[PDB]
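Chain U is fixed; fit chains G, B and H with the ligands onto it per the hints.
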Amino acid sequence: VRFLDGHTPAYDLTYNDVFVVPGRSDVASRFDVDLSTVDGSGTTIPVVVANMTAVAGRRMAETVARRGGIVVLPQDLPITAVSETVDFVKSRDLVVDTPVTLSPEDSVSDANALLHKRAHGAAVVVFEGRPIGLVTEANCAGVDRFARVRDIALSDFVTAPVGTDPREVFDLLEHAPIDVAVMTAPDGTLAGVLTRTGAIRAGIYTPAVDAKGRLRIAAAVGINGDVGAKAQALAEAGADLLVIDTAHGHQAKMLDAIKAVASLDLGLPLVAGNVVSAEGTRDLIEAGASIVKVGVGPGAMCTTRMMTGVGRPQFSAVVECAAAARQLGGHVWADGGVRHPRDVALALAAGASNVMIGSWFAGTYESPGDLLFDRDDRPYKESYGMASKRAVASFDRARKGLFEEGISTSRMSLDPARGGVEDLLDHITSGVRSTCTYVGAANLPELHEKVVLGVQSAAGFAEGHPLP
Amino acid sequence: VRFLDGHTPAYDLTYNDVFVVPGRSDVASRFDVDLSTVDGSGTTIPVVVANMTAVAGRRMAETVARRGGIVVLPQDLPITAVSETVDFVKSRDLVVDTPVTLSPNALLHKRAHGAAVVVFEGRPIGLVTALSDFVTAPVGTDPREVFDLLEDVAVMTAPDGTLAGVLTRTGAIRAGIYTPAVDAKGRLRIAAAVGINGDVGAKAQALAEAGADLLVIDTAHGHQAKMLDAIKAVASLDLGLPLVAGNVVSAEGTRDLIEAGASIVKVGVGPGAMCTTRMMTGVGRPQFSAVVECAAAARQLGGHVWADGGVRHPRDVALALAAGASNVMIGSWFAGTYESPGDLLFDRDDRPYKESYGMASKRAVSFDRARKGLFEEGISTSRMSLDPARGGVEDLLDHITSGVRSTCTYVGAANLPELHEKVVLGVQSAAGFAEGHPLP
Amino acid sequence: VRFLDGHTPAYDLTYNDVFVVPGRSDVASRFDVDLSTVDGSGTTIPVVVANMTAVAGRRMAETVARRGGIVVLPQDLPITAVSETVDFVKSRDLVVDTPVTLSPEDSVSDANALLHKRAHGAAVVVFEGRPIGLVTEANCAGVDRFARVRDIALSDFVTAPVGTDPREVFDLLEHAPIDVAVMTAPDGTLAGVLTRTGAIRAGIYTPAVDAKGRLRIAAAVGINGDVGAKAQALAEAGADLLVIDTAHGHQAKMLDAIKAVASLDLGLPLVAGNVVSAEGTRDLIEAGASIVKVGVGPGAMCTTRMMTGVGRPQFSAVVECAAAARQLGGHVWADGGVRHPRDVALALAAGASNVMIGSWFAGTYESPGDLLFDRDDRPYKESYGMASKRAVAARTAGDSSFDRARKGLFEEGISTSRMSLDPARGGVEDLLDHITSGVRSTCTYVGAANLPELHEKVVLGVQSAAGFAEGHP
Amino acid sequence: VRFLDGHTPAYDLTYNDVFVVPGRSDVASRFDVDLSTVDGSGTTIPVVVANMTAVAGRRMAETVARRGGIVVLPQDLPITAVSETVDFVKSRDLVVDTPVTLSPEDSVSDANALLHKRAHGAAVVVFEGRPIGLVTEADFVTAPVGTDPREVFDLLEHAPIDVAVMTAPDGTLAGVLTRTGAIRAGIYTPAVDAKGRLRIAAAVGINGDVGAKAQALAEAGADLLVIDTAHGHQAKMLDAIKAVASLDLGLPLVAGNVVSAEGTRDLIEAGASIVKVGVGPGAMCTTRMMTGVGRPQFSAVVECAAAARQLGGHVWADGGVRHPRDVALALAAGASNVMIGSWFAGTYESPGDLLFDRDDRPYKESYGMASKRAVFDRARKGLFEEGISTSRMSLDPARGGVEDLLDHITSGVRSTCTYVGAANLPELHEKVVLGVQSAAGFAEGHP
Ligand SMILES: Nc1nc2c(ncn2[C@@H]2O[C@H](COP(=O)(O)O)[C@@H](O)[C@H]2O)c(=O)[nH]1
Ligand SMILES: Nc1nc2c(ncn2[C@@H]2O[C@H](COP(=O)(O)O)[C@@H](O)[C@H]2O)c(=O)[nH]1
Ligand SMILES: Nc1nc2c(ncn2[C@@H]2O[C@H](COP(=O)(O)O)[C@@H](O)[C@H]2O)c(=O)[nH]1
Ligand SMILES: Nc1nc2c(ncn2[C@@H]2O[C@H](COP(=O)(O)O)[C@@H](O)[C@H]2O)c(=O)[nH]1
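Residue numbers (the numbering used here), protein chains in the order written: chain U, 443 to 910; chain G, 207 to 646; chain B, 5 to 477; chain H, 909 to 1355.
In isolation and in its complexed conformation, chain U is listed as follows:
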């Protein structure tokens, strides 16, 4: 990483304190840029969904992995539900997406609430595995909530065999009144659905898959209790990647945790803790971790800096840690504090292999949390921090709970036009691809190497138009 001549700040740098300078560019198009990651995570786009209960569900795992990202399941989640989630995800189709399925005896109230858990804007009425019709949000408006799918379903829908060409079903949905096409297995059961926009993304994004060509999914583990036994179970569960997570990454308990999991020789890539320094970055990798997660305080749910005063500007933290991981033959995850696509690109420019996106994605449809509204009828979802699950560890529950970090809350409002998380992946990946062409990079490794950066003042960040 290099800075413009004359720029050597007297302070550590945030994402807002820096900018990228366009260099000479031989790259013709944005689609000529390969966004695939070299860190062994398997992500074809530089996006990792943070491990948070308010963020990473089974639905988020499906939709993101199909678009090339990866979703880390939250820690302290029962092994039975972990194994059930990963089986759900790895059973998903790579092109078509799993819709919200309904039964004809369900209430329109339930139908309307379940519709918003996915970005399709329509639900499929099913009998046994086999679609009998479609329910649209427009048809649920103005009707009786407790009338059960009486006259709702149109029963006439454009349908195509599973594994058809996304460009043909794209054409099939051109003259169709509804934008959803149901896709069926050769036996007649429902394979899934594909939106006209979904067919487009299939040609753009490369799904993140295992050797079987099954959607990738990861899971997180705390350093409390027996870490080796816990990590062993999640490995057998089919988790493609393991994340050892705690608030303070540089610690005695953390290093012993990596050694405990690595002593089992699970052959899985190990992500380790949170450290903003090179010395911590060096110790975690030496402990047997392949990748290190980096930050303290940038998280939107993180009150650490206002409480403890501990923390560090994320850009400088990523820059320093990526340097330490590179020399030790490893990689760095930029973790927390990504509001805008700029923060993603700047993190990669800092040398991070992958960026971990938090509560920003809690404001989508596929988010596990329930969709709420305002008096203004503006859609939003409430995001929460992982809280105690990120820390180290009846009368005791109230006492220790007194000094313990309280779970933080913030309102993430949905985009009233496009609320799906894939739409956010459009904004993120489009921005980064332009960052690559501005610098002239054909891929991520070239980006970090060729990038020229500079520092700005407060008036510098105010330049330009704020996004929607």
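Keep in mind the hints are simulated off the structure, nothing from the lab. Among the clues, some could well be false.
Stated by the list, open to error - Okay, derived cross-link-like pairs now, DSBU-like style, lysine-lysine, Cα gap no bigger than 30 Å in a straight line:
id : chain 1 : residue 1 : chain 2 : residue 2
1  : B       : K461      : H       : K1150
2  : U       : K842      : G       : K316
3  : G       : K316      : G       : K628
4  : H       : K1289     : B       : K461
5  : U       : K654      : U       : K559
6  : G       : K628      : U       : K695
Just chains G, B and H with the ligands, lined up with the frame of chain U:
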């Protein structure tokens, strides 16, 4: 103190300009760190309440000291009063708390207790938030037993049947978290303050008789002739009590005050709370830079430094201790509590708050009464907001202590002296401080 | 009923336009008043839950019936659901209340939402049919919403055999950590739940029960299609009372419906249509209806007045309709426009045998509508009008999609309103406590020992302008 | 009472539904009017403070009693509390008021909070009884106790401060007298008991044993007994009145609440000299929204006053008093006195603690008596308990004391008498002409 490479600033640093960098730590939890102070104040937690009248009352002195802090009492208080408040505070129970009570809301909000006891000749006739329908318990009861029995108010009774006090749910919890700050006799610690005007020897000597466990000789400008002579006067009597002195932001002044016989040096000028001096004078200095310099200067002579002024957040408390301060003094943030002398008022939004007032001229140096009175520093005021749920100071003490304890685990210190020794700090930009979630 | 001398207004009266004048009373307390009804509804208190999808569920049915009220199931509800609802309600205990069930593997998100489906404020965790833990409203706070119930539910709770006297469970709960008392059958299975207030109400309210001692429940029918077959089907489905309902009750299609149902001899009480006039009350009773439901326009979800201009002030409507019904030996249900207990008492003082309550009860926990939270995050629920289900249509059988859309254009749309829960006490039983407390007082103010005496002994007067503004909201 | 010719409405009338028609008057000034009450209550002005925990304290009872009003202490208060409250009121001077006590060691903020407990706007800093000075709003003027308020008035004119610290002959203070406080001494005449000091009343419920409670209250110093219940026409009231009267306590007996002449007769024939009148107009009364039972207060006072006077009785107008017009209209309706509710809770002397508003204007909290006005064992009756209603009455930013409201009230009534030509309240009732108005009629003028 250690700084990052290239982080030597072109400006002086406030609490907002800096951050603490994590390091290798063998300390697992917040309960494994010792918050006790080595400055000889007697506090089990590094928190001192300011000598403003708008903050430190009898209720404030009782509440904080019980949780391990200490409250220095305002100057311009008749010694008859400081004696009774000391007598009041030192007569308190270390576990049970004194309820607000009157003969058969503004009074109910004077304490963090959810209820008030109605009393007749010492014996409770029951509660206002109803005779035998609430829970009682004799004094000497373990807090865990009171906690269990409340599964949020439990009236504690003296063996004769009268009212000894009250213990709430969190109050029962907190008996086993905080170690009370007590003198040799096991009574809650309390301190007093004096101006440098008039006779300081007799004032200080008289306060030592009033039961003050610590003496504060306080003035607006710490570095000057009248202060040095004043410290010399107090130390000459050799009362044996800890001496903190004045306010100075310079390394030399910190030493000058110590050489005069003061053990501790209060440090800061102008960030303040009710202080208009920066906008009035322009005199002052960023608090972190000030403390870091003064703390280092005192440690060389074996002295200690109280970080004084400009503490909004638990962040500022940890940073001051990391700056080398043995204790921190919090003026205004505790005016925003229940235990503050000012009653509870509300405003436009349903959120509560309290009005804080400044010392001003009281920290400074019939024709002369009006003429010198015209230049009095006017009506310092501001709005400190309560936490809409928990308005008690002990809840702010939870925050403060929870943060600092966690700071130590981050740096890897097992105590406060190790915090300053093991800490690495760096400078941040505007957007740097904006990182993370704010506090409620 | 008679009015104070000099009061003969030139306009018809609403609930806000009138007041009850106190009179000499030998009645000491409100508890000595008999709230039982003479209309044959079987209700021990003068409240009927309106037939609307936003108010009357399976939970509203048992909760109100246990306290002596009755719930009318909405018309055009699938009979499969009615029979399912009837069987559920009539299988409920007269004392013990049906609790909210959770699993050890359930999410706190699911736990907290299901928790508000009842007024218990607590939810029982079950293992193999046998209760283990208990989840409280307060017990979910500051916890990860997706955490399991194992580390949540507290297994220390008071217990007691099913069929225990309500007075004992009350004293058992005084020293208890939690307000709820879990009821267990001797075999160990979960019988149900009884709260402290639930124990108190057992000594106050007397359940409305059928011939076999099972909680009473009603059902409604529109006059479109085959009414005889629908009514016959609901009667065999276990409905203890039948309600024939439409917007305009004074029209021939309604008259034929009553005659059709009454010709089947179900041996059940008949409520018929909605009429604001004395002539309508007679004609419906002369059509074979035992009871006459009364109002046009006072309904909270009703747009009739703003659309058509048709309607009548509810008080003046009830006083006239009740009087005409008594002469025919029938009874009148006051239907629509009840904001306050005042409207319930005035309706009875007007001569109504029973008071039908709508969207007000949609603002409770037991309401079938899902619980929502606003800006201030205070609890509320949405109420909806029955719309076209209350209207009359021609035969739509074998229609055209054009005709289906044609008739749908002028069709009445569903109106909506936000009904706020009381943040402290959000159950419908708390409104029943509110309503019955007010009506019982009116009886003592008038000096009536029961509802029939109230109508007889009541003196009324008219007010205007500042008259309504007196008192506190 | 005779309404204007042609006015015979189809409804009963509230205070806002009526207006007084002026008539020929030989009455020159307001001070020539006699506001005295003929009901034998002992009030020199037609003002009775309602019995509620939100309004009548010991401080409220002192302040209005020296201005001629009377306080009815809320019922179901401990006999230990009423005695101490009475002992306080009976310990008060007739002329000079009681100051707010301070001390050199107290704070600036606490001094201001304690200051609002009185309308003095000033507090006396005292040392072991000896006043050392004063604090005024944002040294002292001293005069001996029982001086001429007209002389003290003059001393305060030459003073920078408007309050006078009154020093007892041996040293130290009996109390304080303001300029306005000295003026009112020439206006208002204190209501006194048989012992020559401030008069006070007490309320009792009809539940339990009334006679024993009334006996206890009477020996506890209550000069007037009030038998109070939501519905006064019930039989348990007849028992209550006849019970208390049989004790021969020699005190004025006011009873219950009735809006009807039939109720007024029965209670009077039961031995009640005065009948308190209303159902529902009360600011804290939710009865009308709950029960539906009630009646417009003006029509209630009209019919009941006529029935009472026929039996040689009297009528207290109870509830619905907002503006001074309501007081005058009640007396014009034939009431011997007017009972004032939560309106006074919006003063300084109210026991309710003072809060601050969004606009940073003073307001106080008022609350209802609820079940105390009504007719395991506690829990069953506690579930049907009528919730205590809550309303917020805002103080006048300028004059926040209750004496200031008394100035308003007594000014309006004295002015009402001059319009009709009455020299007193009995003449007010006989000489008054009334009329009916619409919503637009009441909206005329400056609120
Ligand atoms: N200290 C703390 N960090 C959190 C908490 N919740 C999430 N985080 C961190 O913040 C990251 C995402 O933050 P975001 O991208 O929403 O700003 C997570 O991957 C995790 O490292 C929390 O409750 N406390
Ligand atoms: N400079 C100055 N400092 C003051 C004044 N009044 C109080 N202080 C000091 O302000 C400190 C509190 O500041 P805080 O820590 O609340 O920001 C106390 O230690 C107190 O001595 C003042 O008027 N001027
Ligand atoms: N016109 C009309 N009246 C309705 C509708 N829904 C309910 N109602 C009437 O309103 C009554 C309930 O009114 P509520 O008690 O909620 O104010 C019902 O019993 C019925 O008489 C509707 O959709 N349209
Ligand atoms: N029913 C009832 N009446 C009340 C209550 N509180 C006060 N009142 C009545 O209302 C009167 C107050 O009148 P106002 O506040 O309108 O001037 C009281 O004197 C009393 O008669 C209450 O809580 N319930």
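**Item:** Violated hints - listed by number, lowest first
**Value:** 3
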